[PDB]
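Chemist: As a plain string of letters, each chain reads:
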Amino acid sequence: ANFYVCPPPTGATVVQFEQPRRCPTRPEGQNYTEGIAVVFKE
Amino acid sequence: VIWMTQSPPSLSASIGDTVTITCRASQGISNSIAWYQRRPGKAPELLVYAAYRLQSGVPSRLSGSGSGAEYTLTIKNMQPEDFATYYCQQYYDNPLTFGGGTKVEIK
Amino acid sequence: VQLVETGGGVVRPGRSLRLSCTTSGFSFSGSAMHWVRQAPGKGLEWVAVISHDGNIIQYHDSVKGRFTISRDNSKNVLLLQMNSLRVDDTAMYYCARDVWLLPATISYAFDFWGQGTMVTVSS
Amino acid sequence: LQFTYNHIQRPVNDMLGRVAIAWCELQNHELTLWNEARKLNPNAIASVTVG
Amino acid sequence: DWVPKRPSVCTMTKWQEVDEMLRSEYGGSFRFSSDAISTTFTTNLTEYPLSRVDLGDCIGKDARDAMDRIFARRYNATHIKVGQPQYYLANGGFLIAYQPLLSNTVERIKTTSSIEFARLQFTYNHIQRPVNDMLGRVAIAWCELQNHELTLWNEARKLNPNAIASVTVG
Amino acid sequence: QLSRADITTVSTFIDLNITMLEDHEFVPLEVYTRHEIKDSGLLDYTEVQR
Amino acid sequence: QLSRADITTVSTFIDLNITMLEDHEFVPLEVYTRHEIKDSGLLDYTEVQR
Ligand SMILES: *[C@@H]1O[C@H](CO)[C@@H](O[C@@H]2O[C@H](CO)[C@@H](O[C@@H]3O[C@H](CO[C@H]4O[C@H](CO[C@H]5O[C@H](CO)[C@@H](O)[C@H](O)[C@@H]5O)[C@@H](O)[C@H](O[C@H]5O[C@H](CO)[C@@H](O)[C@H](O)[C@@H]5O)[C@@H]4O)[C@@H](O)[C@H](O[C@H]4O[C@H](CO)[C@@H](O)[C@H](O)[C@@H]4O)[C@@H]3O)[C@H](O)[C@H]2NC(C)=O)[C@H](O)[C@H]1NC(C)=O
Ligand SMILES: *[C@@H]1O[C@H](CO)[C@@H](O[C@@H]2O[C@H](CO)[C@@H](O)[C@H](O)[C@H]2NC(C)=O)[C@H](O)[C@H]1NC(C)=O
Ligand SMILES: *[C@@H]1O[C@H](CO)[C@@H](O)[C@H](O)[C@H]1NC(C)=O
Ligand SMILES: *[C@@H]1O[C@H](CO)[C@@H](O)[C@H](O)[C@H]1NC(C)=O
Ligand SMILES: *[C@@H]1O[C@H](CO)[C@@H](O)[C@H](O)[C@H]1NC(C)=O
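Residue numbers (this note's numbering), protein chains in the order written: chain D, 366 to 407; chain U, 6 to 112; chain E, -6 to 116; chain R, 9 to 59; chain V, 3 to 172; chain Y, 16 to 65; chain L, 16 to 65.
Note that these hints are calculated values from the structure, not bench results.
Yeah, the Cβ is synthetic: ideal placement off N, Cα and C, and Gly gets one too.
Be aware that one or more of the hints could be misleading.
Computed cross-link-like contacts, DSS-like style, restricted to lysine-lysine with a CA-CA straight-line distance of at most 25 angstroms [what the hints assert, rightly or not]:
{"no.": "1", "chain 1": "V", "residue 1": "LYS160", "chain 2": "V", "residue 2": "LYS7"}
{"no.": "2", "chain 1": "U", "residue 1": "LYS47", "chain 2": "U", "residue 2": "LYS112"}
{"no.": "3", "chain 1": "U", "residue 1": "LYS108", "chain 2": "U", "residue 2": "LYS47"}
{"no.": "4", "chain 1": "V", "residue 1": "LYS63", "chain 2": "V", "residue 2": "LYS112"}
{"no.": "5", "chain 1": "E", "residue 1": "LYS68", "chain 2": "E", "residue 2": "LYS35"}
{"no.": "6", "chain 1": "U", "residue 1": "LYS112", "chain 2": "E", "residue 2": "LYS57"}
{"no.": "7", "chain 1": "U", "residue 1": "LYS81", "chain 2": "U", "residue 2": "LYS108"}
{"no.": "8", "chain 1": "Y", "residue 1": "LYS53", "chain 2": "V", "residue 2": "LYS160"}
{"no.": "9", "chain 1": "V", "residue 1": "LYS112", "chain 2": "V", "residue 2": "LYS160"}
{"no.": "10", "chain 1": "Y", "residue 1": "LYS53", "chain 2": "L", "residue 2": "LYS53"}
{"no.": "11", "chain 1": "U", "residue 1": "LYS112", "chain 2": "U", "residue 2": "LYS81"}
{"no.": "12", "chain 1": "V", "residue 1": "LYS16", "chain 2": "Y", "residue 2": "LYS53"}
{"no.": "13", "chain 1": "E", "residue 1": "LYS68", "chain 2": "U", "residue 2": "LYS108"}
{"no.": "14", "chain 1": "L", "residue 1": "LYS53", "chain 2": "V", "residue 2": "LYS160"}
{"no.": "15", "chain 1": "V", "residue 1": "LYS63", "chain 2": "L", "residue 2": "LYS53"}
{"no.": "16", "chain 1": "V", "residue 1": "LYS63", "chain 2": "V", "residue 2": "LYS16"}
{"no.": "17", "chain 1": "Y", "residue 1": "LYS53", "chain 2": "D", "residue 2": "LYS406"}
{"no.": "18", "chain 1": "V", "residue 1": "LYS160", "chain 2": "R", "residue 2": "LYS47"}
{"no.": "19", "chain 1": "V", "residue 1": "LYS63", "chain 2": "E", "residue 2": "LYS57"}
{"no.": "20", "chain 1": "U", "residue 1": "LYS47", "chain 2": "E", "residue 2": "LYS35"}
Heads up, incomplete: computed chain R residues facing chain Y, CB under 10 angstroms, no partners named [what the hints assert, rightly or not]:
{"no.": "21", "residue": "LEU9"}
{"no.": "22", "residue": "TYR13"}
{"no.": "23", "residue": "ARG18"}
{"no.": "24", "residue": "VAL27"}
{"no.": "25", "residue": "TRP31"}
{"no.": "26", "residue": "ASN36"}
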């Protein structure tokens, strides 16, 4: 542990928080198309 | 055994000129070849590896090129410390073989 | 970096000789070692190679079965036990480290060379 | 294998996408509390936020 | 017509030419995973001596021929060859001829008749590795968030210790 | 009047990076095709009789 | 002066346990090896002719 001596701050240095970030769009679902199928082999 | 033909066996050049040393192998070795330099009275020191990778601390003015069984080492600006024997060695297949060596001298 | 070789000298033909190469300035356990010879007034020629841990060994066709390379990572010293010497073996032997490019591979190239020692075969 | 990988990747990604969206919505929700918590004790709020 | 035996017959045939074969070491064994064919092979970290393969002279020739063609076709302008080819005996009876790369920035081998065992390894690893990476980030983020809420609870308690203590104490 | 970016900003949110699983395509792969297995036999009764 | 552990402590955080997926090794497995399938035949033209 370490103690700390904090002098009163002034307007010399100023800091601000970040604004809300736009969240990512929902992932796009699969573009399936229902249909009957028959697989053939050699 | 992959024989290494190095030419010219000896040539002279002046301080501040271009030189080109050719090294040829008995068979295609892709890019597996290294270049060395041996000053009089000292052990050899590596210069280039794989025909294109320059060793750390080597002058940028010195570079090599070629492909297959043909390779060449060039210096665009000779300096008094560059006059020495240069050897080309391959490592494509064992046993490792060195070149005949080419002695660059003052002209 | 510094490389030193010990064990050179004059030896009769068909006799055995053992060379040693001390290292410093680099991780000996993490780099392979190679042996190179330089005959009087001739070109360079590779002798053998020992992996970083010594699991694999490769020799030259002119020295296969006659030489014996080994290393001791604890003492960071390289050795080359020579047996059945010949007159053609007269040459300056140099110990060189491989070019470190990847952790456990062998570059089959030389980046650091030692001072070298003489091994003369005469009768 | 294609179906098995797709049957496991498609949903896991859908649930990875919802968690990410929910996290962002939550973080934007906490800002309403930090804007007021700073007035109560700017020293503690500024210390954790500034680093 | 008569011809020499060693350079005419082989006991190993070139199966696939992988352009990208990532090698990783974990659990005391190398794992060669190929993203192109979706396959993962496991070895013992020891280069299988090619001399141990009976009639296997075609394997140094075939392996080097493919490596040279692949390197010049794709890896010449961005990667560099490091060392000579390395042969590793993988699980299931597959001999893998590996050629490490760096970025500029006597017996007979019995091969299994089904590679599906290796494909499942890649599929499981391809789904476990990322899911765990995202399970690790969520856990880390949760911890960082919880430590962040403490700054609010330390002040919310002063406003109404009764409500704060009730929910925290249980 | 001063812009919003003129003052230093500190992120009060606990960032959580989410990397969706990239799509993977599986290509056919067989150690020995049915034709290779048939060819493995030294002799074929069908071809010999034909 | 009293230690920090002398006072009862209550966890103000909502614990979330995360158990990573253990690594799994797949071993080769075949119902019938190619040798067994070949041996399934009652007679072999290659061996009979030899
Ligand atoms: C998992 O993956 C990692 C890859 O991420 C893999 O390998 C580790 O990777 C790290 C990062 O690359 C390695 O750290 C590097 O290793 C190098 C060590 O250098 C060796 O060779 C030195 C001389 O040759 C090099 O440098 C010359 C020029 O000087 C050059 O011409 C050569 O080609 C060659 O590159 C030698 O000096 C050195 O020995 C010194 O240093 C070591 C400590 O590093 C010390 O123990 C020795 O006593 C001696 O002082 C050594 O033999 C090196 O290229 C590189 O250096 C850079 O980084 C350092 C800071 O780390 C800088 O100070 C320096 O200037 C360079 O920028 C760096 O150190 C690490 O060694 C690898 N780890 C292992 C275990 O090998 C892991 O292995 C993988 N894990 C598994 C399980 O597979
Ligand atoms: C990898 O190495 C292990 C040992 O680390 C090998 O295991 C041997 O397997 C044989 C199978 O007949 C056993 O008889 C031996 O006793 C095992 N050795 C040990 C030390 O347990 C394994 O075969 C190796 N795998 C490959 C693919 O080469
Ligand atoms: C390889 O790339 C180098 C530049 O890095 C180029 O000079 C050379 O021609 C290339 N070789 C081939 C065979 O494409
Ligand atoms: C990804 O998450 C890290 C925190 O893990 C964050 O610093 C970074 O900005 C996020 N986005 C990108 C594009 O790296
Ligand atoms: C795991 O999570 C539970 C809550 O679900 C928690 O009580 C526990 O301490 C955590 N850690 C261990 C090691 O169980």
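Chemist: For each hint, tell me whether it holds in the structure or not.
Modeler: Consistency of the hints with the structure:
Pair hint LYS160(V) plus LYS7(V) does not hold up; C-alpha atoms about 92 angstroms apart against a cutoff of 25 angstroms. Under the criterion of a C-alpha separation no larger than 25 angstroms, the hint pairing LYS47(U) with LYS112(U) is consistent with the structure, at around 22 angstroms. Proximity of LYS108(U) to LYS47(U) is assessed by CA-CA distance (about 14 angstroms); at most 25 angstroms being required, the pair is judged to hold. The hinted pair formed by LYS63(V) and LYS112(V) meets the criterion: a straight-line CA distance of about 21 angstroms does not exceed 25 angstroms.
A threshold of 25 angstroms between alpha carbons decides the hint, and for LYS68(E) with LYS35(E) the separation of about 33 angstroms lies outside it, so the pair is violated. Annotation: proposed proximity of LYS112(U) to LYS57(E) is violated, straight-line Cα distance about 43 angstroms (limit 25 angstroms). With a C-alpha separation of about 17 angstroms, the suggested pairing of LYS81(U) with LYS108(U) holds against the 25 angstroms cut-off. For the hint linking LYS53(Y) to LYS160(V), the alpha-carbon distance of about 84 angstroms lies beyond 25 angstroms, and the restraint is violated.
Annotation: proposed proximity of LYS112(V) to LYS160(V) is violated, straight-line Cα distance about 75 angstroms (limit 25 angstroms). Restraint check for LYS53(Y) and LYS53(L): satisfied, since their Cα atoms lie roughly 10 angstroms apart, inside the 25 angstroms limit. As the CA atoms of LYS112(U) and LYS81(U) are separated by approximately 17 angstroms, the hinted pair is consistent with the 25 angstroms bound. Only pairs whose Cα atoms come within 25 angstroms are accepted, and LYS16(V) paired with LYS53(Y) is accepted, the gap being roughly 19 angstroms.
For the proposed pair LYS68(E) and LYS108(U), the alpha carbon gap of about 38 angstroms is over 25 angstroms, so the pair is violated. Taken as a hint, the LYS53(L) and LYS160(V) pair is broken in the structure, with Cα atoms around 83 angstroms apart against an allowance of 25 angstroms. Between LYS63(V) and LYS53(L) the alpha-carbon distance is near 32 angstroms, which puts this suggested pair outside the 25 angstroms criterion. A threshold of 25 angstroms between alpha carbons decides the hint, and for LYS63(V) with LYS16(V) the separation of about 10 angstroms falls inside it, so the pair holds.
Between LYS53(Y) and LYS406(D), the direct Cα distance comes to roughly 19 angstroms. Compliance with the 25 angstroms bound is thereby established for this hinted pair. For the hint linking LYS160(V) to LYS47(R), the alpha-carbon distance of about 13 angstroms falls within 25 angstroms, and the restraint holds. Proximity of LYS63(V) to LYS57(E) is assessed by CA-CA distance (about 23 angstroms); at most 25 angstroms being required, the pair is judged to hold. With a CA separation close to 16 angstroms, the supplied pair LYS47(U) and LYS35(E) stays within the 25 angstroms bound.
A least Cβ separation of about 5 angstroms between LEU9(R) and chain Y falls short of the 10 angstroms threshold, and the interface hint therefore holds. For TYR13(R), the suggested interface contact is upheld, since its CB lies about 6 angstroms from the closest CB of chain Y, less than 10 angstroms. The interface hint given for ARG18(R) is met, as the beta carbon of that residue sits about 9 angstroms from the closest beta carbon of chain Y, less than 10 angstroms. Checking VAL27(R) against chain Y by beta carbon gives a least distance of about 7 angstroms; that is within 10 angstroms, so the hint holds.
Below 10 angstroms, beta-carbon pairs count as interface contacts, and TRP31(R) has one with chain Y at about 5 angstroms; its hint therefore holds. With a cut of 10 angstroms, the hint placing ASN36(R) at the interface with chain Y holds, because the nearest CB-to-CB distance is about 8 angstroms.
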